[PDB]
Amino acid sequence: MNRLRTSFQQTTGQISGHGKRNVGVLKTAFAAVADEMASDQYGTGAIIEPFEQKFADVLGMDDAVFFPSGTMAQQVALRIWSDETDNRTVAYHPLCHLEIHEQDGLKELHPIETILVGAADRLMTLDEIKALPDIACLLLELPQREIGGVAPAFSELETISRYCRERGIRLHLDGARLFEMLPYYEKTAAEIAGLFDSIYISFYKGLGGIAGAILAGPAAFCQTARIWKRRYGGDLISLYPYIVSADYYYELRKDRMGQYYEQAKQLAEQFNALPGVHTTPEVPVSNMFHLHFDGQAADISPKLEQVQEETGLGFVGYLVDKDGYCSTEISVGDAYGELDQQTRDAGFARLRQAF
Amino acid sequence: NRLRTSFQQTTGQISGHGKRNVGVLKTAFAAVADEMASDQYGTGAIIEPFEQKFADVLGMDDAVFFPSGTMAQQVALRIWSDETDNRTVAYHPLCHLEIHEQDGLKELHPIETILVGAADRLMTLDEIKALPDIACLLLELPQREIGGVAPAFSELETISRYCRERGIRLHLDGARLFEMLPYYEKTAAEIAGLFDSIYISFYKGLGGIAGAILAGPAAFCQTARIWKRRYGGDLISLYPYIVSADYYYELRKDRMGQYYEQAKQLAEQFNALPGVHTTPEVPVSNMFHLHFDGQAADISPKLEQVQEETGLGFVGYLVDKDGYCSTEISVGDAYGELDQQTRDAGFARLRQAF
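Sequences listed follow chains A and Y, in order. Heads up, the first sequence is in the numbering used here, so the first residue is 447 and it goes up one at a time. Heads up, the second sequence is in the numbering used here, so the first residue is 142 and it goes up one at a time.
Hints were generated in silico from the structure; no laboratory data involved. Incorrect hints may appear among the rest.
Mimicking EDC-like on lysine to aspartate or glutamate, the simulated pairs with C-alpha atoms at most 20 angstroms apart in a straight line are [as the list claims (entries may be wrong)]:
1. Y:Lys160 / A:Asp780
2. A:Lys466 / Y:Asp226
3. A:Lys576 / A:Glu554
4. A:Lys553 / Y:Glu391
5. Y:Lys167 / A:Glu482
6. A:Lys700 / A:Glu612
7. Y:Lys405 / Y:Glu326
8. A:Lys711 / A:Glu728
9. A:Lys768 / A:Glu728
10. A:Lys633 / A:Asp701
11. A:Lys466 / Y:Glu176
12. A:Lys473 / Y:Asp175
13. A:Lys473 / Y:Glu268
14. Y:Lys247 / A:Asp529
15. Y:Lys160 / A:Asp740
16. A:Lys500 / A:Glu637
17. Y:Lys270 / Y:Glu306
18. Y:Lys405 / Y:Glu306
19. A:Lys553 / Y:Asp223
20. Y:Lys194 / Y:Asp480
21. Y:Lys167 / A:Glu728
22. A:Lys633 / A:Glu612
23. Y:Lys247 / Y:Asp226
24. Y:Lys167 / Y:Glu391
25. A:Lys768 / A:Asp740
26. Y:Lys443 / Y:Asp480
27. Y:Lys247 / A:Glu554
Between the sequences and the hints, there should be enough to build the whole structure, so can you do that?
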């Protein structure tokens with residue numbers, strides 16, 4: 447383990463995240479669950495059916511399917527739409543999860559090609575979407591996490607939804623971070639989800655569960671999704687350990703996304719005041735942003751190390767070197783709100799002394 | 142369904158480990174500290190020690206934890222198809238990949254399957270010898286769908302040396318490997334060592350919740366970890382399954398002998414009933430199939446009642462066949478929790494009903 451990561455691990459509080467990712471997260475979700483509650487069974491029965499209906503309702507879709515991962519969930523979605531439209535081409539942002547974080551799973555597992563829309567360092571434009579040829583599916587990710595978490599205005603999404611529909615293109619939402627976006631949009635999950643044909647949501651990002659996903663959409667779409675779920679080896683006999691925990695952290699945190707967002711905006715303001723330091727976006731539209739430092743990790747890590755060792759407050763857990771700067775991702779959760787004012791003020795003065 | 146109900150409502154059973162409920166997870170976690178670090182996307186805490194543990198148990202270079210055997214085994218077949226430039230694999234007609242996975246192997250991979258033998262029996266060595274060049278032969282020990290029948294160890298040896306001769310990779314579906322060791326009088330390592338790759342399960346005989354290990358050569362496992370991510374099986378945190386798998390492995394690893402002996406006890410009681418038999422006649426593991434003369438219409442009422450009256454579960458479902466109906470029995474911890482007299486009074490009532 448490197449010096450920076452070490453120093454962040456040995457902190458007693460953090461600005462980002464929910465706390466340590468440990469066995470206690472599962473034990474806490476289960477501590478009041480009756481030992482006699484019956485397990486789900488290969489994608490039906492107890493626990494799973496009510497959870498799926500719940501989240502079909504939350505997203506305002508005909509049905510919803512619990513998956514072990516969003517990786518599996520979104521590959522399946524795209525394949526279903528590709529099959530329905532007899533079109534083997536899908537389009538999305540160049541830094542889409544399916545493109546860069548799944549060992550090319552979509553393309554290795556299905557005869558599907560991808561058009562990367564726009565540029566890597568920005569949102570795709572409405573003109574770029576209108577310039578697309580006949581494709582099966584456009585995937586949008588709200589927000590675009592890989593560029594710090596930027597998203598189009600709600601009215602832009604309305605226009606894209608009408609366009610695609612008027613053109614026969616299926617619109618899929620990568621809503622890994624959908625809950626996080628609701629404060630800024632001033633909309634419910636169903637109002638955002640209603641613009642799309644299908645939706646993926648996660649239970650381990652903003653919500654801070656352990657793992658697992660929901661893919662939601664029309665009834666027939668979900669039926670097919672359940673067959674692919676079995677083909678993929680995701681139709682486990684028992685997925686309750688993730689469903690019970692998922693629902694628990696959902697009920698726990700569904701109404702905290704607003705505070706996480708206000709807090710993120712506060713943190714960004716503090717960071718942007720530092721010489722040699724900025725956020726992207728400058729003003730967050732959610733609980734997240736990227737934090738950029740001029741100079742490379744070999745220059746900046748030691749400063750952060752010292753700051754963190756001394757204060758016992760985690761600002762930065764890792765850096766990623768880029769061209770003349772280095773970057774880390776901040777996502778605000780329960781951890782920040784456990785830092786009292788004096789603990790924030792003392793950390794930030796010490797951080798101010800470093801930069 | 143009324144039979145299922147009658148079975149679910151019993152306070153003891155001859156089959157299985159007991160109710161599949163949340164308690165099974167909480168029991169496994171009762172002694173794990175809250176502060177234990179999660180695994181992280183296939184590496185780190187919990188997962189690495191588990192994989193190393195099961196590489197050693199199976200005598201292989203490495204091992205990889207999978208959320209399922211459906212996923213594990215498909216991945217193993219593809220890696221061998223790739224390593225061999227051969228797009229055909231072979232196995233028994235009721236192989237789990239053929240009948241219980243919605244054609245996943247063939248839908249997700251440019252692979253074709255040859256079925257070796259006849260559905261109702263073990264394949265023969267001559268049938269293996271008549272196979273064209275293939276990437277992989279998969280053997281299931283025992284063949285579950287025909288009652289749990291398996292070839293003598295000398296025959297497994299012959300077959301392994303033959304496939305080594307022809308450059309055919311040999312893979313074991315070992316979902317029930319542990320249940321067989323008593324019969325074989327062999328270690329897991331001694332059985333596994335006749336194969337190129339091995340899949341084992343943590344929810345069959347061991348009675349955990351879910352999860353699988355795929356073990357094999359270091360190279361093979363590296364590539365299998367890539368496919369695990371492609372598949373969406375490389376979850377940020379698999380510890381709920383891993384920790385529970387270990388809990389139950391440790392708890393039940395040395396009980397396969399008693400399950401096998403207990404299985405034999407049950408089949409003996411069953412075969413002595415008129416209008417009842419088992420396949421195989423004498424179990425070679427903790428399992429067998431149970432056949433009742435007559436159709437489910439005639440038989441399911443009789444079972445239903447015996448179970449309602451006794452509160453002892455013998456049978457939870459019947460499959461209707463020509464002139465008889467069948468069910469699968471797999472002994473775990475539930476048999477041992479019913480005292481002898483209680484099982485004797487259940488059988489006695491059963492004896493009256495048949």
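We went through each hint and held it up to the structure:
Among the hinted pairs, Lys160 (chain Y) with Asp780 (chain A) is inconsistent with the structure: their alpha-carbon atoms are about 37 angstroms apart, more than 20 angstroms. Pair hint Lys466 (chain A) plus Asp226 (chain Y) does not hold up; C-alpha atoms about 45 angstroms apart against a cutoff of 20 angstroms. For a cut-off of 20 angstroms, the pair hint linking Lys576 (chain A) to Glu554 (chain A) is broken: about 28 angstroms separates their Cα positions. At roughly 40 angstroms between alpha-carbon atoms, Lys553 (chain A) and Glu391 (chain Y) are farther apart than 20 angstroms, so this suggested pair is violated.
Distance restraint check for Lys167 (chain Y) and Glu482 (chain A): the Cα-Cα separation of roughly 11 angstroms lies within the 20 angstroms cut-off, and the hinted pair is therefore satisfied. The hinted pair formed by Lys700 (chain A) and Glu612 (chain A) fails the criterion: a straight-line CA distance of about 34 angstroms is larger than 20 angstroms. For the proposed pair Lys405 (chain Y) and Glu326 (chain Y), the alpha carbon gap of about 16 angstroms is at most 20 angstroms, so the pair holds. Taken as a hint, the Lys711 (chain A) and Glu728 (chain A) pair is honoured in the structure, with Cα atoms around 9 angstroms apart against an allowance of 20 angstroms.
For the hint linking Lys768 (chain A) to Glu728 (chain A), the alpha-carbon distance of about 18 angstroms falls within 20 angstroms, and the restraint holds. Between the alpha carbons of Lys633 (chain A) and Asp701 (chain A) the distance comes to roughly 13 angstroms, so the proposed pair stays at or under 20 angstroms and holds. At roughly 8 angstroms between alpha-carbon atoms, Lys466 (chain A) and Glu176 (chain Y) fall within 20 angstroms of each other, so this suggested pair holds. A threshold of 20 angstroms between alpha carbons decides the hint, and for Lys473 (chain A) with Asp175 (chain Y) the separation of about 7 angstroms falls inside it, so the pair holds.
Taking the CA atoms of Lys473 (chain A) and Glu268 (chain Y), the gap is near 52 angstroms; set against the 20 angstroms cutoff, the hint is violated. About 16 angstroms separates the Cα atoms of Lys247 (chain Y) and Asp529 (chain A), which keeps this hinted pair within 20 angstroms; it holds. Between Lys160 (chain Y) and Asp740 (chain A) the CA atoms are separated by roughly 59 angstroms; this puts the pair beyond 20 angstroms, and the hint is violated. This hinted pair checks out: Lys500 (chain A) and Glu637 (chain A) have alpha carbons roughly 16 angstroms apart, not beyond 20 angstroms.
Under the criterion of a C-alpha separation no larger than 20 angstroms, the hint pairing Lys270 (chain Y) with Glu306 (chain Y) is consistent with the structure, at around 11 angstroms. Taking the CA atoms of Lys405 (chain Y) and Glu306 (chain Y), the gap is near 38 angstroms; set against the 20 angstroms cutoff, the hint is violated. At most 20 angstroms may separate the alpha-carbon atoms for a hinted pair to count; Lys553 (chain A) and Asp223 (chain Y) meet this at roughly 17 angstroms. Our distance criterion of 20 angstroms between C-alpha atoms is broken by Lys194 (chain Y) and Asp480 (chain Y), whose separation comes to about 35 angstroms.
A hinted pair counts as satisfied when its Cα atoms are at most 20 angstroms apart, and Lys167 (chain Y) with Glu728 (chain A) does not qualify at roughly 45 angstroms. Straight-line distance between C-alpha atoms of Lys633 (chain A) and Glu612 (chain A) comes to about 24 angstroms, which puts the hinted pair past the 20 angstroms bound. Restraint check for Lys247 (chain Y) and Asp226 (chain Y): satisfied, since their Cα atoms lie roughly 16 angstroms apart, inside the 20 angstroms limit. Under the criterion of a C-alpha separation no larger than 20 angstroms, the hint pairing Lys167 (chain Y) with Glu391 (chain Y) is consistent with the structure, at around 16 angstroms.
Taking the CA atoms of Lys768 (chain A) and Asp740 (chain A), the gap is near 10 angstroms; set against the 20 angstroms cutoff, the hint holds. Between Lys443 (chain Y) and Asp480 (chain Y) the CA atoms are separated by roughly 23 angstroms; this puts the pair beyond 20 angstroms, and the hint is violated. Distance restraint check for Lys247 (chain Y) and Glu554 (chain A): the Cα-Cα separation of roughly 14 angstroms lies within the 20 angstroms cut-off, and the hinted pair is therefore satisfied.
Taken one by one, the earlier hints fail for this structure at numbers 1, 2, 3, 4, 6, 13, 15, 18, 20, 21, 22, 26, listed in ascending order.
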